[PDB]
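The complex appears here without one of its protein chains, the remainder shown in place.
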Amino acid sequence: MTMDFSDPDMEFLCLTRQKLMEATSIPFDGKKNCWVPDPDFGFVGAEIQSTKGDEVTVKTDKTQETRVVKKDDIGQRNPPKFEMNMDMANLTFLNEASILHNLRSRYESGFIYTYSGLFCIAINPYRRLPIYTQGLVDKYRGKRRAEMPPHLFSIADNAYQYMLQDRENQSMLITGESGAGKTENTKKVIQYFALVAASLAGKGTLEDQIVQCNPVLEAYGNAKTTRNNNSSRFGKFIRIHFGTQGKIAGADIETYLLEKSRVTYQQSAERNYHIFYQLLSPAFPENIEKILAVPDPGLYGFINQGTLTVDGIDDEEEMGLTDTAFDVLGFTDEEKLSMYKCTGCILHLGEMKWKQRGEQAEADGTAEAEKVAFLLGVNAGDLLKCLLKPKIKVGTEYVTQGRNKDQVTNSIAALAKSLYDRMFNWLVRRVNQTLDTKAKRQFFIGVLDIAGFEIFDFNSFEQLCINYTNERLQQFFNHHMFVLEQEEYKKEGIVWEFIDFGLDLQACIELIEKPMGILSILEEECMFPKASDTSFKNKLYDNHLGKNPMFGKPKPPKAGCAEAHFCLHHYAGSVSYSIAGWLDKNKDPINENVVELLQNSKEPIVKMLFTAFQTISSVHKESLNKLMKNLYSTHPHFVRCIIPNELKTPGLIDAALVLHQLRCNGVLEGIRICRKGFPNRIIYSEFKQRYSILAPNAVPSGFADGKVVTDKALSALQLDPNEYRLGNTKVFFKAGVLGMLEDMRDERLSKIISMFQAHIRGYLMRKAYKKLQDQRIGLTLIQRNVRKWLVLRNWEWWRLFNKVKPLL
Amino acid sequence: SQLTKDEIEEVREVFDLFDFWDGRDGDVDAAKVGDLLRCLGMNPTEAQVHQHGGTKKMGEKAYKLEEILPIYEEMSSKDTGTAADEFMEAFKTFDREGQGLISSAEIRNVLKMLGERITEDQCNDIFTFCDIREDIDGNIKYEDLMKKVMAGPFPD
Partner (left out) sequence: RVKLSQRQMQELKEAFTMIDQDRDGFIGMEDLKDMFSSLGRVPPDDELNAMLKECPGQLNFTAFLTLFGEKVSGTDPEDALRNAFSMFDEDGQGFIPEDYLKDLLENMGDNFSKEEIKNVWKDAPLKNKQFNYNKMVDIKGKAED
């Protein structure tokens, strides 16, 4: 917590002192409290009862059920001082269970923002919160992270400081799905960089000018994936620019990896891009006819492969905002036609049928042909000619007509894809022009949106394709951590014993790229006519089975439960792939003649197509390759958005769901690397204020150096020197160190309290001592004066001078 | 190894006091081994007393002077009797603002609700005894309390 825990704004970011102190002192016993696996809420807090062999018995604490969990299932829970902890990096127990807690509990306390290493986690609250005030903005204006509580502006501001400071472009990678508000965030991050540009001292806002175009792109770049109603099947990098004075000076958008395949293939419960379906709705009939189509989506093999519509989606309305947005970016209702038409043209290329004589394919119609022939602005005859039988060279020109039916079918698909691609590239170019209302750019802070790691029940060439990417991104991350930490130690003169962290993922990655790699193999196996799915598997098995730990093999599931063919080990765990149609999907050959031929008529068309026979992988490789060269050039910043529950409802937390996100996030991968090192670090002074109690000494807490005490405190507790190292300003600890120290403090304190109590009784009683003494004298005097009296009450004489004197 | 003659005489003199008050008969009740020991100047913890022969109710076991000595002696082997040091760090755990001031409410809370509990009575008394006041909300100087306590009801 930072600044004033009581300042009104910080209600959803800090945690009022009184509320903290309170939450920080709750009941605890590091000897028996614990994290334990729970079938309904992932992991739950518990108390251990007894032990025997590899079978521990325990008691939960909310539904106090006695369960018999195993030993490598008892998660050591973090002692209180870590509750509502702000940076999970600080937890002393960095286990899954624990990472869940700190996040959940904070979300269940209204807090969304949490740091976990370089990561800035953010969970969707599902409700407007104050959090983004231009008053708060100043609060975070120039403060280094540590100075303010979590929050997204910190990450974005520093991001800024670094720009002007180190003088090198900055990137912001945010992850998260659908209801992660990933969008909002990026929006708000754009807003921020804005407010700060004019915050030095003297036709639409940035945010809007950009959020303005997001609909057109979504129309061509998104769609429904098995597990997501609206999935951008491309990677967008929104670069925001600045001038020497940290001045905003413009923007522009780069795009990577558009899922081509999708234009001609659908996975049962998925869908081709949204724009296809939109066009075919009761909104702009005229076009439906300009396009040469009937508002019946299902009547086109390039669209019906999957589903028709999605739940909670009113196509029309979208076809609406889309057309409306097309004018905000404001471009010719004619271009707007061409764009559409092109789109539609894709609808007929899937219709064109074919047949063959011996081994030479010919048309099975001519309507579709002319339909595409026209929509494009070329002559059908020639097209079919160059489609069914083209002519090339050597010096002379032979009829490369080798063509057959299986070759055209593929061929036509290709065209569509390419059409769809050039199109998209274009669409973007134009929005950039919308944006280039600039002067002069020097630096930038981009924000990367990219499909996150995927794992479905049925994983195919598509899935590998994304993981491959993501896996190259986690490496991007791990590398970063590596460099930095390496600095973080040198700064504290600690010895560095670690090979670059990214290297940990090189394995898998290599098992993908390198010659004789998964993809490469796939490629070669594509140039062979009679190559079959089996002929591919074998070659993979041949080349890698026992030979590489990363490549493995699954085992037949149910009956319908798809057959798997091999699995790889991704930072996100172990994914199992099915080879099914890879041979098919991967073929994306270019048909030259079609280009040159396609270099005629209709303005755009010329332009588009106016800028061997390869595959998709080769391509995927090229883009990724580029995207990265782009990333590694920038100083990164990672935001992790997170869905808390499947049912858009505040305060709730779906364990499994969150966890899953965390593994794909990398959040868990960071902690993994964090683990192998000395995660916990303490300024001597902080260490002093906390454990002196453990090895107190006569020197006034005021003239005592931190290093020493800290030092001397450990020597005293005889701590395996292997668990910690003494820095120039902090003391680095390993997993669970502090956890012990904390519990020994609690231990010591109580003893030490029984003692003060002891010295109290010592004064209390030692004070009676004197009394008891005096009163000995008394009981004696009486006790004995009474006796001598009992003898005398009957001693004749005694009586006498007891008479003889009052008579003197 | 063992105690010294004078050391014995001392254990003794105290011993007599105690057996006296319960009937000069060479026996001191166990229920008083704690108190005995304290009058010797030691400050044993209850666990320390039981682990050394002490019993709670009065009519269970008796001890002769020859039996207490070794006890007193053993009892003395321990050295974590506690230093001002330990009491400070300890108290500090509760110093909300690091001035050396604790809400009287809390210290007592500690002394009562925590550790080997102390009686409501016992708290008042000690506080009245070491003459430790609380200001408006310029409460109790814990160091004060500490020193005084470790100082003995009979200073000079």
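We just call them A and B in the order they show up, numbering each chain from 1.
The criterion applied here is as follows: contacts are C-beta pairs under 8 Å (C-beta built on N, C-alpha and C of every residue); 3 or more make two chains touch, one makes a residue touch a chain.
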{"item": "Visible contact partners (per top-of-document touch definition) of the missing chain", "value": "A, B"}
{"item": "Of A:200, A:439 or A:786, the residue in touch with the unshown chain", "value": "A:786"}
{"item": "Residue touching the undisplayed chain, where the options are B:23, B:70 or B:138", "value": "B:23"}
{"item": "Hidden partner chain, residues of chain B it touches", "value": "20-25"}
{"item": "Contacts of chain A with the absent chain, listed as residue ranges", "value": "774-793, 795-798, 800-808"}
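Methods note: only the chains that are shown with their structure count from here on.
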{"item": "Rounded Å distance, chain A centre to chain B centre (Cα mean)", "value": "58"}
{"item": "Footprint of chain B on chain A - complex, ascending", "value": "692-693, 696-698, 701, 749-767, 769-770, 772-773, 776"}
{"item": "List of chain B residues in touch with chain A within their complex", "value": "17, 20-21, 34-35, 38-39, 41-48, 80-90, 92-93, 110-111, 114-118, 122, 125-126, 129-130, 146, 149-154"}
